[PDB]
Each structure stands twice: as C-alpha cells, then as structure tokens.
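Using the hints provided, position chains G and A with the ligands relative to the given structure of chain H.
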Amino acid sequence: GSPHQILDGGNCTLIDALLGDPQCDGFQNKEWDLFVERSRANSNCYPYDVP
Amino acid sequence: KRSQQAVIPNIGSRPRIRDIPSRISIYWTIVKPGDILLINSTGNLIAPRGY
Amino acid sequence: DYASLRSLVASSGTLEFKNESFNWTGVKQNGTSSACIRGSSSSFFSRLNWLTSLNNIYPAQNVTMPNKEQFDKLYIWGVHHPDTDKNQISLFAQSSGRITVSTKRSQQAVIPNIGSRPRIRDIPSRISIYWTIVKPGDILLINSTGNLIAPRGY
Ligand SMILES: *[C@@H]1O[C@H](CO)[C@@H](O[C@@H]2O[C@H](CO)[C@@H](O[C@@H]3O[C@H](CO)[C@@H](O)[C@H](O[C@H]4O[C@H](CO)[C@@H](O)[C@H](O)[C@@H]4O)[C@@H]3O)[C@H](O)[C@H]2NC(C)=O)[C@H](O)[C@H]1NC(C)=O
Ligand SMILES: *[C@@H]1O[C@H](CO)[C@@H](O[C@@H]2O[C@H](CO)[C@@H](O[C@@H]3O[C@H](CO)[C@@H](O)[C@H](O[C@H]4O[C@H](CO)[C@@H](O)[C@H](O)[C@@H]4O)[C@@H]3O)[C@H](O)[C@H]2NC(C)=O)[C@H](O)[C@H]1NC(C)=O
Ligand SMILES: *[C@@H]1O[C@H](CO)[C@@H](O[C@@H]2O[C@H](CO)[C@@H](O)[C@H](O)[C@H]2NC(C)=O)[C@H](O)[C@H]1NC(C)=O
Ligand SMILES: *[C@@H]1O[C@H](CO)[C@@H](O[C@@H]2O[C@H](CO)[C@@H](O)[C@H](O)[C@H]2NC(C)=O)[C@H](O)[C@H]1NC(C)=O
Ligand SMILES: *[C@@H]1O[C@H](CO)[C@@H](O[C@@H]2O[C@H](CO)[C@@H](O)[C@H](O)[C@H]2NC(C)=O)[C@H](O)[C@H]1NC(C)=O
Ligand SMILES: *[C@@H]1O[C@H](CO)[C@@H](O)[C@H](O)[C@H]1NC(C)=O
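Chains as they are written, first to last, in the deposited numbering: chain H, 53 to 103; chain G, 207 to 257; chain A, 104 to 257.
Next comes chain H alone, as it looks inside the complex:
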C-alpha cells in the first residue's frame, strides 16, 4: 500500500458505499487509487436493483 492509495472495503460494496449503507458510513468523502472489494461483502439496507 505504499505507492498507491488503497481503500479496503469489507462488508461494503462500492455501490453500497456510494448509496450510504449503514455499514458503509466510514467511506464518506474518501479518495482512492484502487478499491478492493472482498468476497464477504453484503448489503444491510433496503433491497435495490441497478438496471
């Protein structure tokens, strides 16, 4: 993680962070060079469907 700014998303998908998931409250107003999505990511808010 030294040369590139890396944002780790656990329990939080990028779309969930963008929308404002209750578990995604720590990603507000954050910048990155690589967003790492984990296999344990889940949603805990209203069900949604991006077309």
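Please note: incorrect hints may appear among the correct ones.
Unchecked claim - A few chain A residues facing chain G, derived, Cβ under 10 Å:
(1) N165
(2) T167
(3) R201
(4) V204
(5) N246
(6) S247
Bear in mind the hints are in silico, worked out from the structure with no lab data behind them. Where is the CB? At the ideal position from N, CA and C, for every residue including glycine.
For chains G and A with the ligands alone, coordinates are given in the frame of chain H:
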C-alpha cells in the same frame, strides 16, 4: 432474489404470418441454488411447463 | 441509439430520398414550429411529417406500404413527447398515445412520456427518433393512435 423482470403487453396490428396478426415475446430467467422463482401475473402470460 | 443510426447512415453513403404517398385519413398534416424557421416563415423537418388533430378529432391510423422493389428501404419516424397533459389533448385529442411500427420480421412499440424538460429555443417538448428497415418482399405497417411523427418517404 437477485433479479426482476416486469413486462407490459403492447396491443397493435402486425403483418399476418400464417393468418395471425398477434405476436409472442419470449423471455428467460435463471434461478441459482437457494433462490426462489416468483411469477406474478394479471394477464398475457405464457407460462413455463418446467425447467 | 444515436451512434447506431449515425454509423448506418455513414456506411450507406447516400441521402437519396423517394417520396411515398401514405394514406393518412382525417388528420392535419404539415405541422409547423416557431423554432424551425425556413426563410421568414415557420417550418419543420423536411423529411418528417407532423400529424395533429383536425376539428378536435384524431382518428386511429392503420397504414401499410409494401416493398415491391429489389432493395432495402429505410424509414425514419418519430414520437412526440408533450410537456403537459393539456398540450397532449390540444395536439392529439387523447390522453395517451401508442405507436406500433411492424414488419414481418420485427416490431417496435412506443409510448410517449409526458413531462417538463428544459427549454431549447422556447420549447419544453422533445421528439424521439426511430428507424425501421424493410427488405424485399416485406411490408411496413404503422398503427398509431397518437403522438406519431410520420415518414414522408424512404
Ligand atoms: C390494418 O391494416 C392491415 C393491412 O395493412 C390489415 O391486415 C389485413 O387484414 C385482412 C383482413 O383480415 C387480411 O386479409 C386476409 O388475409 C388472408 C390472405 O388473403 C386470408 O386469411 C383472408 O382471406 C379471407 O377473406 C377473403 C375475403 O373475404 C375470403 O375470400 C377468403 O375466403 C377468406 O375468408 C383475408 O384475405 C390481410 O392479410 C391483412 N394484411 C396484412 C396483415 O398485411 C389489418 O386487419 C388492419 N387492422 C385492423 C383493421 O384492425
Ligand atoms: C416546471 O419548472 C420549469 C423549470 O423551472 C419551468 O420552466 C420554465 O417555464 C417558464 C414559463 O414562463 C419559462 O420562462 C420563459 O422562458 C423563455 C426564456 O426566458 C421565454 O419564452 C419567456 O419570456 C416571456 O415571458 C416573460 C414572463 O412574462 C416575459 O418577461 C418575457 O418578455 C417573455 O414574454 C419566459 O421567461 C422558463 O424559461 C422555464 N425554465 C426552464 C425551462 O428552465 C416550467 O414552467 C415549470 N412548470 C411546468 C408545468 O412544466
Ligand atoms: C463484517 O461483519 C462481520 C459479521 O458481523 C463482523 O465480524 C464480527 O461480527 C460479530 C457478529 O456476527 C460481532 O460480534 C463482532 O464484533 C464482529 N467482529 C469485529 C467487529 O471484529 C465484521 O467485523 C464486519 N467487518 C469486517 C471488516 O469483516
Ligand atoms: C390500430 O389500428 C386500428 C384500426 O384503425 C385501431 O382500431 C380502432 O381503435 C379505435 C380506438 O379504440 C376504435 O374506436 C375503432 O373502432 C378501432 N377500429 C376497428 C376495431 O376497426 C387501433 O386503435 C389502432 N391502434 C393500436 C395501438 O392498436
Ligand atoms: C400479484 O399477485 C397478487 C396475488 O394476490 C395480485 O393481488 C390481487 O390483485 C387483484 C387485482 O387487482 C385484486 O382483486 C386482489 O384482491 C389481489 N389479491 C390480494 C391483494 O390478496 C396482484 O394483482 C398481482 N399483481 C400483478 C402485477 O400481477
Ligand atoms: C402537406 O404538404 C404537401 C406538400 O409538401 C401537400 O402535398 C399535402 O397535401 C399537404 N397536406 C395537407 C395540406 O393536409
């Protein structure tokens, strides 16, 4: 549990093929293990006979 | 789909147009707009016909055109999107329009969307543009109860 498809029929005259001015639109869906398929219709439904 | 139509027309290589006499009944053709100014008077697109109501009546249309020639024909038509319901009643005498343009191999059905849009040249309305291709031996059927911008040829 992961996808939705909503369709509304369209009424109008089409050129006759074998003396029929009506048509049929074909759609498909995939259900993974642990998922459930829900069909909710009020009309114009061509149902599946199996999988 | 702007890129698709642009690519089709660019790869075709011609703008040759042949006028066809469609049989529209009980309507008012040759609509005009204040934004489209030709010379000094109001005008519209030359290759597209605007069909409004006549005497507060818009009869349903069912128009056919066969392809008796030996090449493909491209028809460019459109759908009007009035800003408000009052505009829709004042232009097409109905509340909702339905357009169905079909061949023996394809069908396109379209419903207009009423709503306010930002004013370009003092007009809060829009026009969506669609196209259809008719091959030899095929037939083009246009069935519209309203909101139809008709083709003037192929
Ligand atoms: C909108 O307009 C379209 C045409 O653009 C129209 O579709 C046409 O409908 C007619 C009438 O139903 C169809 O004619 C039939 O076609 C076949 C082949 O000929 C036959 O099944 C029928 O023959 C019967 O009728 C004859 C005349 O009485 C009898 O002699 C014979 O024994 C049969 O009883 C008949 O000719 C025609 O094929 C279509 N054309 C198309 C689809 O291109 C449509 O009906 C209009 N829609 C409306 C009014 O809602
Ligand atoms: C929904 O909201 C939209 C957005 O706010 C709104 O659209 C606005 O409608 C007004 C209606 O008057 C537009 O104002 C006109 O716009 C142009 C450009 O300025 C001119 O044609 C008009 O000027 C005439 O009228 C003035 C007022 O009397 C006179 O001073 C002048 O001399 C002219 O006679 C007038 O300013 C406005 O531009 C739009 N704004 C947009 C599209 O961004 C809409 O009406 C709202 N309601 C509905 C039901 O859609
Ligand atoms: C993601 O959620 C899991 C599952 O809740 C969290 O792991 C533990 O969850 C249990 C409840 O099942 C809590 O009691 C623990 O306190 C959680 N462990 C902690 C907070 O260390 C997990 O922490 C969440 N976050 C990540 C990054 O995996
Ligand atoms: C398709 O064209 C037909 C033929 O004109 C239209 O059918 C007419 O519909 C009006 C409005 O409901 C009725 O008053 C007429 O009696 C109908 N004519 C008949 C049954 O011969 C039809 O509306 C057109 N439009 C669509 C979208 O199907
Ligand atoms: C989804 O299925 C339900 C099954 O009940 C439908 O609900 C019924 O809808 C009819 C028609 O409006 C009503 O008369 C019944 O009272 C409803 N039953 C209830 C509320 O238990 C519903 O209409 C279906 N929706 C669609 C889009 O097909
Ligand atoms: C519309 O204009 C054309 C010529 O561009 C004319 O042939 C046709 O009759 C007109 N339709 C009317 C006046 O309804």
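Hints versus structure:
1. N165: At 6 Å from the nearest chain G Cβ, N165/A passes the 10 Å test, so the hint holds.
2. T167: The hint holds - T167/A has a Cβ within 10 Å of chain G, the shortest such distance being about 8 Å.
3. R201: Hint on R201/A: holds, closest Cβ of chain G at ~7 Å, below 10 Å.
4. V204: Nearest chain G Cβ about 9 Å off; hint holds.
5. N246: Holds: closest Cβ of chain G sits about 5 Å from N246/A, inside 10 Å.
6. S247: Because about 9 Å separates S247/A from the closest Cβ in chain G, which is inside the 10 Å limit, the hint holds.
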